[PDB]
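Undergrad: Please put together the full structure from these sequences, using the hints given.
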Amino acid sequence: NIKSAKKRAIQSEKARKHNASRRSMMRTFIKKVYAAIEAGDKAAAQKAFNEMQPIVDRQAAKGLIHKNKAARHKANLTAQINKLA
Amino acid sequence: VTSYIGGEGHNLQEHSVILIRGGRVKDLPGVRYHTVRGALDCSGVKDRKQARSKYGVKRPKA
Amino acid sequence: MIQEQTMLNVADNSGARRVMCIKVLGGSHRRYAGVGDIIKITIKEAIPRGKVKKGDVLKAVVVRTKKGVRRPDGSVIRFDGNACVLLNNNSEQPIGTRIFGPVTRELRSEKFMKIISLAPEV
Amino acid sequence: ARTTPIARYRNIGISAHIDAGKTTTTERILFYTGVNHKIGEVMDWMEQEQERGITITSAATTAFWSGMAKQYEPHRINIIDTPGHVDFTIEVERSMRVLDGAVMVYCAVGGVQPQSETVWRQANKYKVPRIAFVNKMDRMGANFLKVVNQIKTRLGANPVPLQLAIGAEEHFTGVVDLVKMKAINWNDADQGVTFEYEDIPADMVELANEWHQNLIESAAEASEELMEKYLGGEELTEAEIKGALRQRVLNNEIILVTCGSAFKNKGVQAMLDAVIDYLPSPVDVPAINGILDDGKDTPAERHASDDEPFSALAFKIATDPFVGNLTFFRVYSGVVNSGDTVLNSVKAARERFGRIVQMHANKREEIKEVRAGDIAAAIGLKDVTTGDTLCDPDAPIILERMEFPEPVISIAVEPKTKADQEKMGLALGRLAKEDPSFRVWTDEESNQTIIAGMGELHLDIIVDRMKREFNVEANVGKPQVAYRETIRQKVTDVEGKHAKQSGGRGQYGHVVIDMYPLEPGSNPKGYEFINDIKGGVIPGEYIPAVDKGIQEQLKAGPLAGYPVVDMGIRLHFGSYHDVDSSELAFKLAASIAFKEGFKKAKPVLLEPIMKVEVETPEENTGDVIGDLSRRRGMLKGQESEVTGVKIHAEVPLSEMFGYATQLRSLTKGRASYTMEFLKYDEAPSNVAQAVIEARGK
RNA sequence: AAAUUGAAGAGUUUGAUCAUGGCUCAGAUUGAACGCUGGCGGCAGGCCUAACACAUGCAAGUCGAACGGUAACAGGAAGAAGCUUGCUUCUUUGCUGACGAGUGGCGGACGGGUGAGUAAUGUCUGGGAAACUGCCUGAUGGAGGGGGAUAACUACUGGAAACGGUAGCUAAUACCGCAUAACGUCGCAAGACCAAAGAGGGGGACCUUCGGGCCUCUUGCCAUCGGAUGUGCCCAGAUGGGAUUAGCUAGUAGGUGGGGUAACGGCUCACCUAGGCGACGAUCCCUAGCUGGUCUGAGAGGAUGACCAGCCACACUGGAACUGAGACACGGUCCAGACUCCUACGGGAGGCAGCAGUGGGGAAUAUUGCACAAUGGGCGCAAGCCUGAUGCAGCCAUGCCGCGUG
RNA sequence: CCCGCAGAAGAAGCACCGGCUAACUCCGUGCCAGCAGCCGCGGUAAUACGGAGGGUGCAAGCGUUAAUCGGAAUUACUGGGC
Ligand SMILES: Nc1nc2c(ncn2[C@@H]2O[C@H](COP(=O)(O)OP(=O)(O)O)[C@@H](O)[C@H]2O)c(=O)[nH]1
Ligand SMILES: [Mg+2]
Ligand SMILES: [Mg+2]
Ligand SMILES: [Mg+2]
Ligand SMILES: [Mg+2]
Ligand SMILES: [Mg+2]
Ligand SMILES: [Mg+2]
Ligand SMILES: [Mg+2]
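So the sequences go chain by chain: t, l, K and x.
Mapping the first sequence onto the entry's author numbering, position 56 (from 1) lands on 57, and the numbers just tick up by one.
Mapping the second sequence onto the entry's author numbering, position 9 (from 1) lands on 70, and the numbers just tick up by one.
Mapping the third sequence onto the entry's author numbering, position 90 (from 1) lands on 90, and the numbers just tick up by one.
What the fourth sequence shows, in the entry's author numbering, is residues 1 to 42, 49 to 703, in sequence order.
No wet-lab data here; the hints were simulated from the structure.
Ideal Cβ positions, reconstructed from N, Cα and C, are used throughout, including at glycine.
Careful: at least some of the hints might be erroneous.
Unchecked claim - Taking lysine-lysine and the BS3-like style, the derived pairs with C-alpha atoms no more than 30 Å apart in a straight line are:
hint, chain 1, residue 1, chain 2, residue 2
1, x, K473, K, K111
2, l, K119, x, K388
3, K, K111, x, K188
4, x, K248, x, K188
5, K, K53, x, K422
6, l, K119, x, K439
7, t, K68, t, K32
8, K, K59, x, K473
9, K, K66, K, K111
10, K, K23, K, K66
What the hints assert, rightly or not - For each label pair, taking beta carbons as the anchor points, the in silico distance ranges come out as:
hint, chain 1, residue 1, chain 2, residue 2, range
11, l, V78, x, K605, 39 to 45 Å
12, x, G73, K, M113, 37 to 43 Å
13, l, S104, x, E645, 40 to 46 Å
TA: Right, dumping it as structure tokens:
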């Protein structure tokens, strides 16, 4: 509110809204996968994982999340699914 | 604390702001401080010519 | 309806926290004090470094009562508890500089323009 | 630079009795608009901060007045409003020398009043060219001509009425000018700011004709050639009328009087025009006399134009609500520029000159440049007291003014909390620098501080300034009167033996001293010790022990506890014991004999008796005489010099601790008293026995 | 070659002596203060106290060579009129030079200030693995490609201001897809998945739907793999006093699994075990930023941590997060609290421990200065802009040094 | 920075003088006024107080007041004792 670089405030608020939307979508798909896992079928969990894997990769690639975050999401999920059946 | 008032003649009173320095008296057991004359309402002694910076006396220009 | 022995709260930042009305000023045999009324208070509690000390006696004006105020349209505006704004004893001139909680339109006076301007509502 | 041509500046102040409209006019004078339109510089007017960047109203405002429907270019008129109380009269003392002119405001119904004559004397001391305004024409019982005549006979002035009154009370709508010969009735109905001339009104045409003719005679006697030209049957033009009247108004001839009503805003708009027309400019007022530190008179006339090196005059330190210094400075000659160096030539001290501030249109403008005649204020640390010069290192050191009023009322003072004596010391230290007409004291009867001020209100608006400025509370009191005691006409031949020998080394002393009183002040030391011991009865190396043990009791005194002066002593006969007699034996024996011979030598208690001279108007002679006799005071001659009566009376000091405020009530504020201690005498009062054990038993 | 060479005593107990034993002095030093004096210059240093409250001014902006545009000085035009015969004094024009404001980009986390907190999540010394890093740099390739918005603006509108509403395509290097993809991600493998952005300078044709296109140069962008730098984490030793503080701890100490981080980790969650630390001093209490170093000393040591440099911590107090490569952010945000200031009483605004400066506290510590000319930093292709860093000036015998008064 | 300088011209003060500690007389005071870093001086010749002369030391400084180490082998690890 002091320096004209206070447009970083409105800019950061807009970017916060946008990043919140993308984060909520990504984690909604991860929760899709995890709920499908707790339900106990391999095919449904694998469907949801194939549906979230482009999402997590496009989010890591865009600067929302980090390559390692998406990496370990996919890793723990594939491990859970493989032990699940 | 109590403190010594040196020199011949002072004009200090009950409500006189002064400036205090260290230095015992060796005479008064319990007086461990001094009063810098010529500073904060302590007036310099009456025309001390020797040791004139001590006792706060400004000099005759002669 | 504030009367003698009423443990009020304090609505300003004068330093007091709990007071007591010791006399309702204005007219003999007066019983109650309305929101606009100036009373006399003894301080029953204060903060350590506040502008007033515990046990001091001075005036005050009321700003909120549980009894509430009534409007010309009949509407009653009650509050959750009693509260006052300490005033210097000779000229009113509230001691504090902040004010907490709402006040009422019954306080929009030539004297409490200060209170009504520092108040967060009404 | 000095774009507003300096030869146009008018430096002036309005002075009057209390509630006379000086503050009302100051405010009205300031309706200069010039917002949404710089009116100056034929560029950069003060208009930038007419945008109200900093909002405040301050003393000594500057203003641009072009003219009331007849206009002639921006003039920065510089205005110092003046207060009206004798209490605080130093603000009128300092702000009259600093002034070039003066608008002598007056109440059209009150007329001239104690303060009006008082400020008249103030201006006469500086010979200030003064024109007069006559405010309050709407009040019932107000008449311009009567107050005009009052000036002619109450002040001994020549009040030329360059205006006239159109009605009184409600009637007042305009004023008949004697040179325009028109009477402009202002458009107060829409706004006073709007104005309109009217040709030759019938109501005052006979009165105006005779009074206007009187004005032309003054214009005539104004110049010798003009007088003869006035005897030529020819009238005077729009320049010889004013230029004749003006050119000596500069030199203290006649005071121009205009009527108006700053409440209804008429008369005033014209009053500003008269100030430009007749009141002096720094280039019109004669050049200032000057002097150096040693040269009895280095002429040092500092030509006003700022071609001489910077040479100002500082007239008031200020307790600025935020800055804390704000010492206003009036620049006579020279130019100081946003950071320079000048010395306290009256104090022999040196420092820079940092942030000049001139407040105009009530906006506190900050200035990097102050020039000839330009009134401003300075923020600094080093003190410059009122009437102290601010000349360049070139140094026309001393300016002639070395005058401040002596305090007429002195009152004791002490804080409510016993530990704010230091704070009350520092507060009174500051409030003593802020005005020179306020002394602080430390009398030697007791450390009690005495805040000697001019009036009751003067030092009553300072007991609460500590409450306001320095958040310290004080409780005033009557000063303690120095009461010394003595023996009166009873010689006594008494004995005193001090001896406590009940061990190896006791003390033995004895004395027979004949205590007799001396004439009250017949010898410098007051005391007298003659030794008539013979036979070496007391050793004689202990005779000074006796003296030093008697005149140590003179300080204390047996009767009440207060000093003893004017008594003789004769050491008739004593005795000694070689082993036990000691310095502190004839010191104690003499003390004992003193305070047993004093209990039987008829001791009295004496009071200080002043030498009071009162300059009082004739009528109230009997009144002040009777009040001096009300006090236990004795009158000694009352010669009457003209315009006062001189009344001498050696009144006790105890009966004078609020005298002037009461005296002013008795004299209509037209008298002052000067008192100076003379002698001592007695009046039966055990009030001194009342004050014995309350403090220092 | 030389890198060091270094070590003093005296007064005072007694009538005298020896000894023990304290006090005082001789030295050096200082962010010094005070008293008296006072010429100059050089270099340096100048709140040790209230991390007390802060008026005022400036300390973080930049990029029309990303974009829509156009408040002006202009140009390039349309040029009208007076026509001195277009000196075009006059009118229209974003078409350029440039630029107000606006979207976007990078910066704003650097630099600058204080030492309140912190007795160890800090510092120093030496190493470890479980790491990530804008701009800088070395490679390898890529750079298909659609339109869905919104700011200015227009319009209406609310308000004293901050800052909004409510519809419209705007436009973009802003955003999201569809392309496509690996020495990339993840899976053991099989396998699936992931991006991009264009602008400037000119290519004699090499096009003219009238700026070809796409092989002209410079950048810009995406992707992995390095370097470098910066940062995160971990361990061991050393880093104060106090036992007139001896028992402390319950995510506490471990395990498994789930989650979480960029990264290992009780980091977190649930179950399981009952452990873990403590006289080599846990907990508790007091104090304190730490270090290279400065002062003293022959030394060992004692004190110290002002200036300078590295690290840490904090930013009106408490908490949280957001954007971001990097913050849980002096000069950003939200909330709460204490405090203060405006109000056209309905609402708002702020955070000097940045430079200067005010009040205060104090024995005591400076100008509300000049300039971006170097040096450096941010932006930019670059000129240029900003830089209270910095370079300099001002005040002060505050210190070291030189000289002067013959 | 370098040259024109007519002109000594505009530039000296502070502490101390009993011993430790280096520098001595006189006056006026008379356990008073006062000094004092430790020991101490002043009660009639005071090298100790105050002043004058003289000197000593330092000098654009001088002295006082803090404050640290040394001397202090008076916290002894080097390097102490019962
Ligand atoms: N009736 C009347 N009152 C006036 C006039 N001018 C001024 N006053 C009032 O007199 C009072 C003087 O107040 P003030 O100006 O402070 O007096 P000052 O301090 O001597 O000037 C103001 O309230 C004015 O209303 C006038 O023409 N008529
Ligand atoms: Mg721009
Ligand atoms: Mg495999
Ligand atoms: Mg790691
Ligand atoms: Mg603060
Ligand atoms: Mg700040
Ligand atoms: Mg001597
Ligand atoms: Mg021993």
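Undergrad: None of the hints should be skipped; say for each whether it holds.
TA: Hint check results:
no.	hint	result
1	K473(x) - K111(K)	holds (22 Å)
2	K119(l) - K388(x)	holds (22 Å)
3	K111(K) - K188(x)	violated (49 Å)
4	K248(x) - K188(x)	holds (16 Å)
5	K53(K) - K422(x)	holds (18 Å)
6	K119(l) - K439(x)	holds (25 Å)
7	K68(t) - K32(t)	holds (19 Å)
8	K59(K) - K473(x)	holds (20 Å)
9	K66(K) - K111(K)	holds (23 Å)
10	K23(K) - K66(K)	holds (19 Å)
11	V78(l) - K605(x): 39 to 45 Å	holds (42 Å)
12	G73(x) - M113(K): 37 to 43 Å	holds (42 Å)
13	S104(l) - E645(x): 40 to 46 Å	holds (44 Å)
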